[PDB]
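Single chain ahead, written as structure tokens, the form deposited without this ligand.
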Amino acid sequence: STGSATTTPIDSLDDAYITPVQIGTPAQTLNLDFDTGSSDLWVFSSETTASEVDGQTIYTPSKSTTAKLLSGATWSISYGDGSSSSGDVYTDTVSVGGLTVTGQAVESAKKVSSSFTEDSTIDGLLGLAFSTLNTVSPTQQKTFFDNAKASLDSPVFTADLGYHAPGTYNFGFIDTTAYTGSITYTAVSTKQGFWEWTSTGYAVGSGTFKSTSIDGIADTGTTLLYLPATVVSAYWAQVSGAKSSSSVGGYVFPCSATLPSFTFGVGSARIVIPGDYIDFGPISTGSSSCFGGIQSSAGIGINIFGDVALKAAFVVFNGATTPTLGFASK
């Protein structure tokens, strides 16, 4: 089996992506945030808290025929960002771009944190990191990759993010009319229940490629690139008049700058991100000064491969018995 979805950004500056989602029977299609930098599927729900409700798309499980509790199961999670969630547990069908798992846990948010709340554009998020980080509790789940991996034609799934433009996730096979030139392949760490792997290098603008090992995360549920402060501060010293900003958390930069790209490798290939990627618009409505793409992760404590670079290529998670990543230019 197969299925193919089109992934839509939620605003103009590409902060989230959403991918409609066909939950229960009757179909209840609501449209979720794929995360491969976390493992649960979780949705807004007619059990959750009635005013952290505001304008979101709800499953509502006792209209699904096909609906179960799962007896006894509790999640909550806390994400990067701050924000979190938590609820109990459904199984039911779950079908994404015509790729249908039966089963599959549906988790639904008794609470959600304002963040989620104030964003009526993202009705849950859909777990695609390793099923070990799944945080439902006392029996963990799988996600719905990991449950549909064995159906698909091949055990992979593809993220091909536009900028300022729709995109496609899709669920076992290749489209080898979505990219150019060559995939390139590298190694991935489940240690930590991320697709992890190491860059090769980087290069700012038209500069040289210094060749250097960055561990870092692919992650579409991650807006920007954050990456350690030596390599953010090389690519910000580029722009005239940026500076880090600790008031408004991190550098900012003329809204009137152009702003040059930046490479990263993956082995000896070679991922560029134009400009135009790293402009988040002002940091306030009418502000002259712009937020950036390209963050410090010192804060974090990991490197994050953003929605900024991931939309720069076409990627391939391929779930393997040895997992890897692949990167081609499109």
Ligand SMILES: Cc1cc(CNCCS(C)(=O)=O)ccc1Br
Contents of the next structure:
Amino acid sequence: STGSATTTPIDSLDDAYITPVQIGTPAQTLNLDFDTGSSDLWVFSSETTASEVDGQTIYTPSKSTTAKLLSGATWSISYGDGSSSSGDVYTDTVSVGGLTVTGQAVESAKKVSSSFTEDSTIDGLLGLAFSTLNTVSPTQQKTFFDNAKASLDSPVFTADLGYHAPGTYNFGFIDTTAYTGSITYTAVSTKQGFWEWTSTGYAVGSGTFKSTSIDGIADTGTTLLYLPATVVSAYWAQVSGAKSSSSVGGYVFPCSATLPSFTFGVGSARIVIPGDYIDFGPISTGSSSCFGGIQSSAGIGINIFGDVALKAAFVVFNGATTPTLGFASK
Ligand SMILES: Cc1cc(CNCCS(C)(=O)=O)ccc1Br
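Now that the form deposited without this ligand has been shown, please provide the structure of the form deposited with this ligand bound.
Time for the whole complex; same chain goes first.
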């Protein structure tokens, strides 16, 4: 089997991407944030505290003939940005882009943090990191990908995120029309439950490439590119007037600037992030200070190749017995 679904930016800045997902019978379509940095499929629901719902579509298990309470199971997750949600668990039929899993754990939110209530465009998350991070207790649950894997034509999914445009998530096959050149594969460590890999270095604009190992994770559910402070300082030093602002919470730059590109290494290959991808626009409406898309990881404990980086590539998440990542230009 295979599946293929379009993923669409939630706003003009590409802060996140939403993908329609069918849950239940008859289908209830929710727009979920596919997150390769977490392992819970959770949704706004008929159980979510009413004051915490503001425009999201909800899953109502009582309307699904295939929904079963997963008796006694609860979940609770906290994300690197301070956000959280928690609740109870149903099993139900979940389909993505024509690929169906029966008995998927669908984590129904009772509580969500402010950051979720205030995003009417995101009806929940679909985690695609390793199932070892799943937060369901007392019986940990599998991701949609792990449940689908055995049925797929190839144990892979691919992320093809657009810059200010829709893109695609495919499951079970590699669309050889979707990229240019060849795919470079690189080793993955699953020790922290992430798609963790080691970049071979970086360049800023037309500068020389610096060969240096940068461990990090491929994370579709993080907007920006978070890298070591040394790397990030070297980038923003090439932008007149850029500075780190503790008041704003990262590097800002004059909105009048033209940003340089940023290249990262994948083995002997190179992925180039155009400068425009690193512009996240005014810090507040009408400001002439703009927020940067490359930020320091210093206050995180991990480097994160988020959407700024991933949208510059066709990315293969190879879930074979020995997992690997692949990157191609596009
Ligand atoms: C939309 C959304 C997604 C996620 C999942 N990714 C979080 C990545 S980080 C580096 O910020 O911890 C959290 C919160 C919101 Br709000």
